[PDB]
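Asker: Below, each chain spelled out in residue letters.
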Amino acid sequence: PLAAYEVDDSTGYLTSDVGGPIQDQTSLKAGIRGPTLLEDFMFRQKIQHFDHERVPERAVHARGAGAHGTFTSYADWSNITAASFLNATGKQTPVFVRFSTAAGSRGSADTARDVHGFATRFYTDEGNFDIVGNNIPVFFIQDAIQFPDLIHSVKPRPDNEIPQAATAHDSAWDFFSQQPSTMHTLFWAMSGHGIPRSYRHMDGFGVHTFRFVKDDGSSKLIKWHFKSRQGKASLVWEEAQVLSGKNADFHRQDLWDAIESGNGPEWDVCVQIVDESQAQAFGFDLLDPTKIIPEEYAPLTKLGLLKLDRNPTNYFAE
Amino acid sequence: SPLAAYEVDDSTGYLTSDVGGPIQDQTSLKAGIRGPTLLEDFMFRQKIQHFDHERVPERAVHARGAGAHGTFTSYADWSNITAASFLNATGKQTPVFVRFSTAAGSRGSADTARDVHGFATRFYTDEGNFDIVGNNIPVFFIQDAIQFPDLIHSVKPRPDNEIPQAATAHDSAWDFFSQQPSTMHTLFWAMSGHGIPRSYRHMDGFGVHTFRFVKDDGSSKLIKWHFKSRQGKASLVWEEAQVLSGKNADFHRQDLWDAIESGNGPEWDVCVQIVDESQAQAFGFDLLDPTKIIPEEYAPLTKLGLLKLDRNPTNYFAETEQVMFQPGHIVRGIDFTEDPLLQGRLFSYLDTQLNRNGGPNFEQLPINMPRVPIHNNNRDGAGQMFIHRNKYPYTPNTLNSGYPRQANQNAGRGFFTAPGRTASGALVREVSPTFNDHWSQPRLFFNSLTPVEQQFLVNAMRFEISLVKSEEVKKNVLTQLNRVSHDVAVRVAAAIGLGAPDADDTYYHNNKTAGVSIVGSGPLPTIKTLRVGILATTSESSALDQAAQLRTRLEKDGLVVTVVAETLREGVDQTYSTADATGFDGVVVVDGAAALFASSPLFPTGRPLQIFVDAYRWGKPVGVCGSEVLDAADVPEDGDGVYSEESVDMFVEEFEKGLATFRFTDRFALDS
Amino acid sequence: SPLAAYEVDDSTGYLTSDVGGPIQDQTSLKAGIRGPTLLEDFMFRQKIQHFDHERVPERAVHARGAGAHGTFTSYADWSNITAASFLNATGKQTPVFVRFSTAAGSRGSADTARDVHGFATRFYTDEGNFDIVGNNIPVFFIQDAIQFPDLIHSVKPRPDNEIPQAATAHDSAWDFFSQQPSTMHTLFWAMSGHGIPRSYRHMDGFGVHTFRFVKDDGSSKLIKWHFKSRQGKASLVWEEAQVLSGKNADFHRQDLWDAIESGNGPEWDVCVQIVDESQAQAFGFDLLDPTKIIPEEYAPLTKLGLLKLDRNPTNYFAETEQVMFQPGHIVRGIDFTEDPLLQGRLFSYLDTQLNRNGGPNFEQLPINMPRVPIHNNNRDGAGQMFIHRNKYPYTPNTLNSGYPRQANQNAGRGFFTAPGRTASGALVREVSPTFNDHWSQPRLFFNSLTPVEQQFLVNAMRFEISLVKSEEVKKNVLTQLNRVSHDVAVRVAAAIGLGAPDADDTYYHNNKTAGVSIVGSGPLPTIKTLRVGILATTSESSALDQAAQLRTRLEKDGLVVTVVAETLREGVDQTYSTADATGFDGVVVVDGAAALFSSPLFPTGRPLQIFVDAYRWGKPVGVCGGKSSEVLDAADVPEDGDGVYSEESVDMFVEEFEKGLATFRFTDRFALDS
Ligand code: HDD
Ligand code: HDD
Ligand code: HDD
Ligand SMILES: [Ca+2]
Ligand SMILES: [Ca+2]
Ligand SMILES: [Ca+2]
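Chains B, D and A supply the protein sequences, listed in that same order.
Residue 22 is where the first sequence starts when you use the entry's author numbering, and the numbers rise one by one after that.
For the second sequence, the positions run 21 to 618, 622 to 649, 653 to 698 when the entry's author numbering is used.
For the third sequence, the positions run 21 to 617, 622 to 698 when the entry's author numbering is used.
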């Protein structure tokens, strides 16, 4: 899939980045017990590379894991959307998905209590389409300008950077109690949804109302819902705590293993579809990201199958 | 102090942009009440752009850590051994900043991972910043800096899946250790209690490399830095460290924060072993080799001064995250040696700050600034915070009267390379044959540990090596362990189902050395800061009375007391639900609570008992104050570090001796 | 000095590292006296690393430029029209920093390129930094911010070979201009003397866009900023600008530096045209359209205050290179309009500083810092210089007692959007048909130039279009020019050997507007700082005596005198070898030197060439001492010509010559199309 960019090092002699054969095990010195020389370019190119390996972690959802897969459309959905990846029964589009926690840094534990990310890229034949979702259908806040306030409050206190990957501290609850919009996502996070058994055992939600637009220009309002075929399942809190200690890599290992063993996880990619006229018909505003549309009011339509079946080759690059 | 000058107070006043315009930051500007957000909303974009760019790359190693401010005080005028100004007078005080860390884990990984630990100290001296970038272990894995990315790639997570976090417990790490025998000495240290210290305060710091002290007359001697903890030496046990990682990833940084906040700032004696240049190869090994210690029997310690950390940072990102240490930050009176590990570090720490800071002016960050004037011809660069008045920044000049002037051995107190240093021979990429003994000092270390300490180390290796999938790597590992000790290889082999290779006694010996054992280092010199968990109940008013009485007594002796019960109320600090044995150095049950130890929606099933049981199994002093509890917990009444008294005063007295002893090691099973 | 706190003195002391350790920096540490350099040489590496990383990206546009500090002083309490604090009291003073620039060229390109010029002003107000990011031309090429990269790609060098530097005289630029007719108005400005100003001090500044002034009671009015120069309007002629680019690439920055250093800091009246919201479409065009000016006949200027630049920077990189302007630096009392060019700029200037500074904390650079306290919850980021005490940086909070408090119209003097502003209609990527007339205003401009000024413009177009290789592009250019003026198309067509298309009179008219002509703007109101070259000789002690007397008399009136001779000595400033007519506003030969007009000391014919060039470029020229016909005849300069002087008396010579410096250019020396 990304075959063209792969580099193989199963044979051959060590070279610099400009293809000159070299060694990299001993520094060049003025005498066998002497000082290292500035002219040692082998040393400097290798160490400069190493010194510069790291990039900033993501400002949120720093901790996560991904895989490649395929999306297959169940129908020609031309009658609700012009979207090319949805325009024929059986049409296949490559995907890449990254799942994550939200608050913790790189290296924090998979099984912390948190909102989880479920970000999906469809490499469509009319361009990349991303649905950047969470495992919880609603968000804490109603205006993007408040994001840094929310995130500062739930991340570690800035004098001592304590506590890692946890809402269990004064600042977060101060924010929650002063900003009552947070109540809905709070209740989800405090349920089993905050500690899922695996990435495969949770759903994905776009959260926002988006629009499907036909080629004739007519539109409908939609909510994205990726429905897990593995079922839903959570940990219990005491278990999640011990797991955070025994295996910080629990979720990424789970996903990696299911893929290697030929049990790639699957989701039905679904939408709730409603009319433009129904923006305020359900007793709340569809522009409000703290609300769900009860399934009693709008059933889910299954658009296609998302299957993840191939692990990355290099975690950093992918 | 450059840091007071840059403090920003936000305890009053109206919100402003970064250019001082009063603004709001709670609602986006929209076209209509239910409309799209406008591009012209500058309040939105300035706030979100800032947030979007908050993060910087983590350190390439030692990314997880924590820092504090303090003072170094010289005990003497040390001009007789070094020209260093911060050491030139009795009582001379120099501000310091120290950052402690693990090594392998990323910035959100647990403090209590098994690992080498950093101990980096900046002395803001009156003749420039001097950094000693050390570890809690005196020897390093490799003999040449060029091998550093090999070491780090092998111990960091596997690069296809980025598993496992902050752990040597995987194939690649043990493959490297078994193929690169220089690693044995540091590996032995890391597999001991030194890999899982009780806190940053209960470990020592080592410069690792031999350095030089250089006098004003040009003569030099060879030195090793050793920062000796005044708090004593102490470790976790492994199963405790694992539980801690889950229950409190921030255990060490919290321990340091709290000790400082309560007026119990940690202290070290800053010491050196000092030997003559002629002794570079006198001790049976090469002092240029960073995998070797100078046994204290060959060179005793000289105490130079006191290091005390006593002030927490105000902003962690600005101070702790941005501090940028360099062994290149050196001062007159100190010089480098030809240690090929040290040699290469000099390059790496200057270069890597470019990655972290994103520009060349990183020394202008308040935490990195010196406490003396700067005079040089460095100019421009992204993030230039100075306005230079000298418009002729080249040497030699007449247009600025020849300023700044050259400093050297004979002018302006300049740094100078030790004038006795020479080089000779071919320009070679060759390892000195004097470096070849990779196994005798690992054996020296192992020999110096107590029997239960040796068992803990064997058990660490059993744990990790049992997780290595490759049969080939496991066998290669036993080959190397066997060159250190046949007994180690036998005992480790037993757990992984392979046979050890035949004894190979080339490097075996029975010699020991002082000061490397934790268990054999004696009771702790103080118990201030140590944590006592008092397990109580809300259902008995007697239980809460006893708790309160203990608290008064224990708190007066500097101990941190946590009363635990089913729910919070006056006098109760923590519910059973959030409590765990890893949160205490000692655990006391007030006997009025016996009922809990025999179901509640308020805590998981059997929680009160489990805490007591874990505390016992992990070797902690445990007690009952008011003994069927001990039956329920299967704890022997007569056991060492088990207490049972109705006398408040008698119990406190005995239990406080238990906290000093710290661990009761007789509770751990030993190989035959 | 505004930034004193950040200054670093190196007039004494021993060399140190950046961490204060005394060091040397003159010899590398080596293994032996003829040995290899050692990696442990930290003195070498810290010094060379710094050097290796000195450069930052130049500005994507306006890369070439120069800055200075000054003061703005309000003429009144302007609360009747704006809430702006910096305008709230008579005599109220605010520090400023201004940077001037060309637009297309890179760093190191020449000041005297033909171009639009930047005029960017920061007011460090007591209610925050307020920037007016303007140009010396009142209209812009394009009507929507989204087209900016198309414009800039077209006028910058061709991307295969990066040719030509700092010039519109190539196919791609004229291709864009001819396909995008909105460009015509600014093009006509740039092809006039406004494209080649005599100095930064002799040009005006324009905000270009309509902005709003907003009162504390929330009512608003539409405004245009006009900074009117107190030095007068003046231009180079093209041939002169070309030679200048090669003889002194730094001409404008030197001129500004020198004027400030001599206590002649330049001044502008900071003015606005003010009109009601109801007049957005009352003047025959849309006030949201940045290709249109409001003629002065429809809206006169209000003088708000005085701008004076009077202090040069200390370190150019730290102040001038690092200053980061944004139209997003706005203050209470001012607001935006729905000009789609302005709207997009708001985005660009915040984003582009990330590129230049390499990190998000660019507002912390001394030159970008405000002069009032900052209270917000912005945190971290590379290069973070603050240590924030508030450990609860979120709103809403109780743990920091609700601080910082929200500022808005009612509390804390907050910025607020003019509350009368609305939007209505479909969400569209459509151009308003009110923007559709691209040609009437260029014609209004052209009509307002004097005959010789119109010739200069036609000649600029003939120069550049002649260098366009594509006959199709050239034909498309004539199509657009012809929509502005048939006469212009005909006269330009003549130089390039094409025929003009037939007259198309849809947008022709004969209307004129005041205040846009340079050549018609009258004699300069001051001649201080103008440059007089006295050409002399060392052969005659009398030539040097005349030169000294003349110097004394001219310097008394604040002119900058340069005595030129074969070689330097006391009283001679420059040799003929380095001298050029482009270095002077006026040229005087002392009659003692008549014989000069071959030496190893200067190129053949140089002294004469300086005089002749000065004459051909319209400058006042003369001979002092009484004997003039030898010089004037050798030069082919008629003795009775306007702006040609000859007197024995120093005092009398200078009085006549000084009138000529004020007139500045003698335009009768240039041929007109017949
Ligand atoms: C205005 C700021 C803002 C707001 C209101 C949100 N986010 Fe976000 N999000 C970011 C700003 C951001 C970001 C800072 O831009 C990140 C960090 C790294 C990145 O690529 O974008 C990000 C990362 C990020 C990731 C990690 C993607 C990956 O794996 O690389 C996920 C899954 C989400 N977000 C999902 C959400 C959901 C479901 C939201 C509520 C509906 C949401 N975000 C609101
Ligand atoms: C040639 C590469 C190289 C080698 C051989 C070493 N290191 Fe290192 N070290 C680095 C390259 C490096 C680095 C990549 O340059 C770091 C990462 C971030 C930084 O500032 O420097 C660093 C970070 C770093 C830190 C964190 C400092 C802080 O708290 O910010 C400590 C304590 C050490 N190292 C200590 C050591 C010790 C005791 C070594 C062996 C004697 C050692 N390093 C060998
Ligand atoms: C949307 C893109 C865009 C548009 C439509 C414009 N500009 Fe701009 N301008 C920039 C994008 C930009 C920029 C890329 O963001 C620059 C480069 C460096 C900087 O700070 O902003 C810039 C630089 C810049 C400078 C140099 C400021 C300094 O000295 O540092 C001036 C004077 C202007 N511009 C003036 C204008 C005027 C009068 C315009 C029309 C009314 C205009 N710009 C339209
Ligand atoms: Ca908190
Ligand atoms: Ca591995
Ligand atoms: Ca071209």
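Keep in mind that the hints were calculated from the coordinates and are not lab data.
All residues carry an ideal CB built from backbone N, CA and C; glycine is no exception.
Be aware that a few hints might be false.
[To be verified] Derived DSSO-like pairs: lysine-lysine, alpha-carbon spacing no greater than 27 Å straight-line:
#1 D:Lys576 / D:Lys683
#2 D:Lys328 / D:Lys489
#3 A:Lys235 / A:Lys248
#4 D:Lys576 / B:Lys312
#5 A:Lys67 / D:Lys411
#6 A:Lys267 / A:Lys112
#7 B:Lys323 / B:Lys235
#8 D:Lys548 / D:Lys248
#9 B:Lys267 / D:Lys683
#10 D:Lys241 / A:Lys576
#11 D:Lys267 / B:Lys253
#12 A:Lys576 / A:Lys683
#13 D:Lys267 / D:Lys112
#14 A:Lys548 / D:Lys50
#15 D:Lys683 / B:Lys241
#16 A:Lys241 / D:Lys50
#17 D:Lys267 / D:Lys548
#18 D:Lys576 / D:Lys548
#19 B:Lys112 / B:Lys328
#20 B:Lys267 / D:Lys411
#21 D:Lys235 / A:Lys328
#22 A:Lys50 / D:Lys411
#23 B:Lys267 / D:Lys50
#24 A:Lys411 / D:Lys267
#25 D:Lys411 / A:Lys328
#26 B:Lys235 / B:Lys253
#27 A:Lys411 / D:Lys328
#28 A:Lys548 / A:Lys328
#29 D:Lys323 / D:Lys235
[To be verified] Here chain B is said to cover these stretches of chain D; the calculated rule only asks that three of the stretch's residues, wherever they fall, bring their Cβ under 8 Å from a Cβ of chain B:
#30 273–285
#31 366–372
Asker: Work down the list of hints and note, for each, if the structure agrees.
Answerer: Hints, verified against the model:
1. D:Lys576 / D:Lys683: holds, 15 Å
2. D:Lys328 / D:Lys489: violated, 45 Å
3. A:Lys235 / A:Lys248: OK: A:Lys235 and A:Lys248 at ~25 Å, within 27 Å.
4. D:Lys576 / B:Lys312: violated, 54 Å
5. A:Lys67 / D:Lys411: holds, 18 Å
6. A:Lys267 / A:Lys112: Roughly 43 Å separates the two Cα atoms, so the pair is violated.
7. B:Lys323 / B:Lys235: holds, 18 Å
8. D:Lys548 / D:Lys248: holds, 18 Å
9. B:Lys267 / D:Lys683: violated, 33 Å
10. D:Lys241 / A:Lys576: Violated, at roughly 72 Å.
11. D:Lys267 / B:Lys253: Holds, at about 26 Å.
12. A:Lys576 / A:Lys683: holds, 15 Å
13. D:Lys267 / D:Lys112: violated, 42 Å
14. A:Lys548 / D:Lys50: violated, 53 Å
15. D:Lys683 / B:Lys241: The hint is violated at about 74 Å.
16. A:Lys241 / D:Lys50: Within the cut-off at roughly 21 Å; holds.
17. D:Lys267 / D:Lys548: Roughly 23 Å separates the two Cα atoms, so the pair holds.
18. D:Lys576 / D:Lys548: Given that 27 Å is the threshold and the Cα spacing comes to 10 Å, the pair holds.
19. B:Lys112 / B:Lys328: holds, 14 Å
20. B:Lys267 / D:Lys411: violated, 61 Å
21. D:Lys235 / A:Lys328: violated, 59 Å
22. A:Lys50 / D:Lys411: It is violated: about 31 Å lies between the C-alpha atoms, which goes past 27 Å.
23. B:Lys267 / D:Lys50: It is violated: about 49 Å lies between the C-alpha atoms, which goes past 27 Å.
24. A:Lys411 / D:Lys267: holds, 24 Å
25. D:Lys411 / A:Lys328: holds, 25 Å
26. B:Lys235 / B:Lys253: Outside the cut-off at roughly 34 Å; violated.
27. A:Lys411 / D:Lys328: holds, 25 Å
28. A:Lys548 / A:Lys328: Holds. A:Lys548 to A:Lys328 sits at ~16 Å (cutoff 27 Å).
29. D:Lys323 / D:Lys235: holds, 18 Å
30. 273–285: holds (count 3)
31. 366–372: holds (count 4)
Figure legend: structure checked against the earlier numbered hints; hints not met, in rising order: 2, 4, 6, 9, 10, 13, 14, 15, 20, 21, 22, 23 and 26.
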